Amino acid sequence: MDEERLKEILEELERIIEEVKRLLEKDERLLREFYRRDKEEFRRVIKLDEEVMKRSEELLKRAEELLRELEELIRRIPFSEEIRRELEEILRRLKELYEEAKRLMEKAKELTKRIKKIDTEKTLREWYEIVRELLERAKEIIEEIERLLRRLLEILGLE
């Protein structure tokens, strides 16, 4: 059925967003650990950060695929006009949020690529300042996504 698949898609999207939030939190922990402290230490934290970034891009790719399938399913289901309107407002907001997240990850990837070419506290701390702000914004986007997914489940009566 379609609403069963709707339920599956939404609960999978929740799981994916919770995995991205854990990865962001693990990245913030490791970066805080490094900056409270050597060449190889910075090499390792750069590698771990890149690993977290690659994982997060995979998960965002899967979530975009799922969001497309969700939109198609909601189009096919004969919802009442009011409910269709409510769903469409949330999905519009979710697309805006996924676009903010994709731009943020692109900016983080460029910043990490640039920092990899330098050997050198101020230079690495300025890099850390930028990544701190990017991570904080990403966490906020993720939390808003969690909330809107819960809202979709409530609007549909799937709670």
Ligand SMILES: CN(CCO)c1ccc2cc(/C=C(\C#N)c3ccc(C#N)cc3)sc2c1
Second form
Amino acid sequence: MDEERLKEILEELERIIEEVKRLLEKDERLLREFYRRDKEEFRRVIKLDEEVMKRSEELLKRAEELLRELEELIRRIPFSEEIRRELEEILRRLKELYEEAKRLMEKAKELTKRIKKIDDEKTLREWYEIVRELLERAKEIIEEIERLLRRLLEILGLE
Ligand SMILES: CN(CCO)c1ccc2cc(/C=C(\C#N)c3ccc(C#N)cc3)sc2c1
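Alongside the form solved without the ligand that was just displayed, please also present the structure of the form solved in complex with the ligand.
Let us now look at the entire complex, which starts with that chain.
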């Protein structure tokens, strides 16, 4: 197909990662506000967190589908050996990062499930410590995905 489909896919992937970043920052803010302060207030922050997780998992499945589409079109386009190898290296790194994000979201879901089973400051602290590190790793993954998508637009000459 054309290079315009390549651009449209890369742009939709960019919009997804930007929405994912917004959602992660909202969840970080609500978790910080709770800890900087109540039992029903925790039920509240946990419910809003679980909603961010749902949206984030939907956006990931959408991004993985668009990546498969990008890989297929790049395969169909008769690129030079050098450009193909460059594009393929980047696509493999992106597949690794999307896999890392899925595993991180699984850990976050398990952690939320475990905390819902408890009444306690020490427990809430240990839990906030794990959540901070996961959110920080998530931010790192999103930033690298954003950079790699820009590299692709650049290697293709679409930026
Ligand atoms: C530690 N916590 C708190 C749990 O109570 C959370 C909560 C929500 C959450 C959501 C996460 C999402 C991503 C990551 N990473 C992600 C999504 C889409 C794409 C793409 N395209 C790429 C990445 S990570 C994460 C962590």
